[PDB]
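Colleague: Residue-level listing of the chains:
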Amino acid sequence: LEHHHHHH
Amino acid sequence: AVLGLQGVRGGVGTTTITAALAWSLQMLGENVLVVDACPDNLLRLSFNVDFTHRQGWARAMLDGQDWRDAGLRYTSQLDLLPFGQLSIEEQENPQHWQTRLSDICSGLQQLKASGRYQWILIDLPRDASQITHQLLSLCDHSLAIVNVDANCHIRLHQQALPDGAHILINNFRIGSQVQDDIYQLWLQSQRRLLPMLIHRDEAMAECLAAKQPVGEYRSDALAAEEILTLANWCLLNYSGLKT
Amino acid sequence: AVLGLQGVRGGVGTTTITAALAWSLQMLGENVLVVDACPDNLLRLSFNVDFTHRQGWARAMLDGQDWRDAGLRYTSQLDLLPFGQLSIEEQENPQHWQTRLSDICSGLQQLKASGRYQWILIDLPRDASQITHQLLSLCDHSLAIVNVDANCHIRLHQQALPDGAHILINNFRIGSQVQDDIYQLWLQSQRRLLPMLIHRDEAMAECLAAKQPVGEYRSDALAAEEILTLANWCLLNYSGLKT
Amino acid sequence: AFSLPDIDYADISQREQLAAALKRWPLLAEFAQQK
Amino acid sequence: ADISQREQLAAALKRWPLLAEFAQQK
Ligand SMILES: Nc1ncnc2c1ncn2[C@@H]1O[C@H](COP(=O)(O)OP(=O)(O)OP(=O)(O)O)[C@@H](O)[C@H]1O
Ligand SMILES: Nc1ncnc2c1ncn2[C@@H]1O[C@H](COP(=O)(O)OP(=O)(O)OP(=O)(O)O)[C@@H](O)[C@H]1O
Ligand SMILES: [Mg+2]
Ligand SMILES: [Mg+2]
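Protein chains in written order, with PDB author numbering: chain H, 259 to 266; chain B, 2 to 244; chain A, 2 to 244; chain D, 28 to 62; chain C, 37 to 62.
Rather than coming from a laboratory, the hints here were simulated on the basis of the structure. We put the beta carbon where it would ideally sit given N, CA and C, even for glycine. Take these hints with a grain of salt, some might be off.
Unchecked claim - With a straight-line Cα cutoff of 16 Å, these simulated EDC-like cross-link-like pairs (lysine to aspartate or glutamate) come out:
(1) C:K50 with B:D181
(2) B:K243 with B:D164
(3) A:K243 with A:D164
(4) D:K62 with B:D51
(5) B:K212 with D:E57
(6) B:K212 with B:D51
(7) A:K212 with C:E57
(8) A:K113 with A:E31
(9) A:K212 with A:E31
(10) B:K113 with B:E90
(11) A:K113 with A:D141
(12) C:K62 with A:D51
(13) D:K62 with D:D38
(14) B:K113 with B:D164
(15) D:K50 with A:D181
Unchecked claim - If you want a taste of the chain A side facing chain B, the calculated C-beta under 8 Å gives, among others:
(16) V13
(17) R55
(18) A129
(19) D150
(20) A161
(21) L209
(22) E226
(23) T230
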């Protein structure tokens, strides 16, 4: 994946 | 290439994934056609088609019209072919129309031969109809969509998957021991399980109510990035044509 | 009364609810027969029937044998009639058997006249086949099973529900804004919606992996308590026979 | 056989609690709009 | 790592008779 954090 | 997507049972996410994958492929610069082969005609609503717009390839064909008139352009690199809206009378008598749609196969083959599209994605039901079998046979590659649960586990031991299909998990959850146990078993026993999966994701629940594909609706949602990894896997593995 | 349960879409929980409701009714002292009318033949596995037990009412009928010999006892007050296991060819060509099963309807009518059972519950597919329509026509009442999501919302505006069906929500989540918005809208507009619902509950995901109905598997689960509420509602409202 | 509407949107746009929901989701608004 | 996966699977099959049934008849 591009990031280890995503929208919540 | 023609890519079919078909749920191992209803409601597993096949249509939302088809719309999302089409969006991700066109975002990567591929020319995409996305075809709804499901008589419920739901795919179009992920692309801001009005519910009252009843035209579609099957609606046109049943009405003696040209199915090519039912195409819609979403972006310069993504076209859509809705199924069209069936009446209740038609829905309740499927054998009066399920054998009248076979001309779509040669039609889609001619469109494929033009070179206009690098991907033709087909949202397939699993209703064992004549037309469903014929459209699946057009596909170069297929994805069988599952959720990790006891129902899909049983189905994998008693029904056929599309020939050569890979298996894509959707709706993967947290806090579920039984899911974790089934998943660990599948990792060892299902050779064609894809290396990426799609989590249960609030953006995947909202995007249809917003009438958008998930990656357009919320590009930084986890599911949107997981679909992007699926799109990149397709570019590397599914670009060839069947012999 | 003969009670039909049918999902508005696949995968919404119809079979788990049928098994759970049958269990609750027999716990309340009713004699219950539960009939699987779905060709995937999954209901039997909630009652610890071996997967390799191939027999069932439809299997027997298609083999020229006696469907009345295919019933199984689960408790002194709950009997089960599995569909039976279909071959892949039968699964892929349902038009060849979907018109060969009419005799189950006269048989169920005779069984109803006997008074042997207070409740006959039928797990129904949504495939618009001849046999599904015939079985629906002998139900006194029916439940249309939904999940609160955009897909089911659309479906309720474009497909038929069984005549007189009430809508039962399953899989209701904690903490979803789009779900709450759809639900609040349904409360004001869906005249067929039941006043109770069933929450998403790990017990309902686990019970099939344990081969039990949910109320036997975990009687203090929220879903088990909600099913018991549904059972009591059916006793009060669905006990009358159709005229 | 004739029946009264199973889905009834009469006066939906006068329930204030529903106003925000219909504005949030175009899918819900398009079914509930007056015809 | 190899035996670690086999031991976790053993526990899952013991937890769920449906999974044990299907694994044992494959
Ligand atoms: N990963 C996900 N997380 C959360 N909600 C999801 C996810 N995938 C799908 N959904 C929701 O689940 C519902 C069913 O999804 P979808 O319509 O894609 O399923 P399907 O398998 O095509 O169903 P059908 O049997 O009607 O063809 C939709 O409301 C969708 O918004
Ligand atoms: N309330 C619930 N909470 C959690 N999981 C649930 C719930 N209801 C059903 N499930 C799970 O969802 C899966 C599908 O359930 P089920 O087999 O009852 O659905 P169905 O509508 O009969 O599906 P099919 O279309 O295959 O007939 C099962 O693995 C079940 O454990
Ligand atoms: Mg779909
Ligand atoms: Mg079922």
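Colleague: Take the hints in turn and mark each one as holding or not.
Modeller: Hints versus structure:
1. With a CA separation close to 14 Å, the supplied pair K50 (chain C) and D181 (chain B) stays within the 16 Å bound.
2. Pair hint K243 (chain B) plus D164 (chain B) holds up; C-alpha atoms about 12 Å apart against a cutoff of 16 Å.
3. Restraint check for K243 (chain A) and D164 (chain A): the C-alpha separation of about 12 Å stays at or below 16 Å, so the hint holds.
4. Annotation: proposed proximity of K62 (chain D) to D51 (chain B) holds, straight-line Cα distance about 14 Å (limit 16 Å).
5. Restraint check for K212 (chain B) and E57 (chain D): the C-alpha separation of about 11 Å stays at or below 16 Å, so the hint holds.
6. Between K212 (chain B) and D51 (chain B) the CA atoms are separated by roughly 9 Å; this keeps the pair inside 16 Å, and the hint holds.
7. This hinted pair checks out: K212 (chain A) and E57 (chain C) have alpha carbons roughly 10 Å apart, not beyond 16 Å.
8. Restraint check for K113 (chain A) and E31 (chain A): satisfied, since their Cα atoms lie roughly 14 Å apart, inside the 16 Å limit.
9. Proposed proximity of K212 (chain A) and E31 (chain A) is contradicted: the alpha carbons are some 22 Å apart, above 16 Å.
10. With a C-alpha separation of about 33 Å, the suggested pair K113 (chain B) and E90 (chain B) falls outside the 16 Å cut-off, and the hint is violated.
11. For the proposed pair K113 (chain A) and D141 (chain A), the alpha carbon gap of about 11 Å is at most 16 Å, so the pair holds.
12. With a CA separation close to 14 Å, the supplied pair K62 (chain C) and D51 (chain A) stays within the 16 Å bound.
13. Between the alpha carbons of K62 (chain D) and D38 (chain D) the distance comes to roughly 13 Å, so the proposed pair stays at or under 16 Å and holds.
14. A hinted pair counts as satisfied when its Cα atoms are at most 16 Å apart, and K113 (chain B) with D164 (chain B) does not qualify at roughly 21 Å.
15. A C-alpha spacing of about 14 Å is found between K50 (chain D) and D181 (chain A), which places the hinted pair at or below 16 Å, so the restraint holds.
16. About 6 Å separates the beta-carbon of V13 (chain A) from the nearest beta-carbon of chain B, less than 8 Å, and the hint is met.
17. Look at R55 (chain A): its Cβ only gets to about 11 Å from chain B, farther than 8 Å, so that hint breaks.
18. A distance limit of 8 Å between C-beta atoms decides the matter here; for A129 (chain A) the minimum to chain B is near 5 Å, and the interface restraint holds.
19. Because the smallest distance between the Cβ of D150 (chain A) and any Cβ of chain B comes to about 6 Å, under 8 Å, the interface hint for this residue holds.
20. The closest approach between the C-beta of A161 (chain A) and any C-beta of chain B is roughly 5 Å, which is under the 8 Å cut-off, so the hint is satisfied.
21. Interface hint status for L209 (chain A): upheld, as the beta-carbon distance to the closest one in chain B is roughly 4 Å, under 8 Å.
22. A hinted interface residue such as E226 (chain A) counts as satisfied when its beta carbon comes closer than 8 Å to some beta carbon of chain B; here the least separation is about 20 Å, so the hint is violated.
23. Interface hint status for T230 (chain A): violated, as the beta-carbon distance to the closest one in chain B is roughly 24 Å, over 8 Å.
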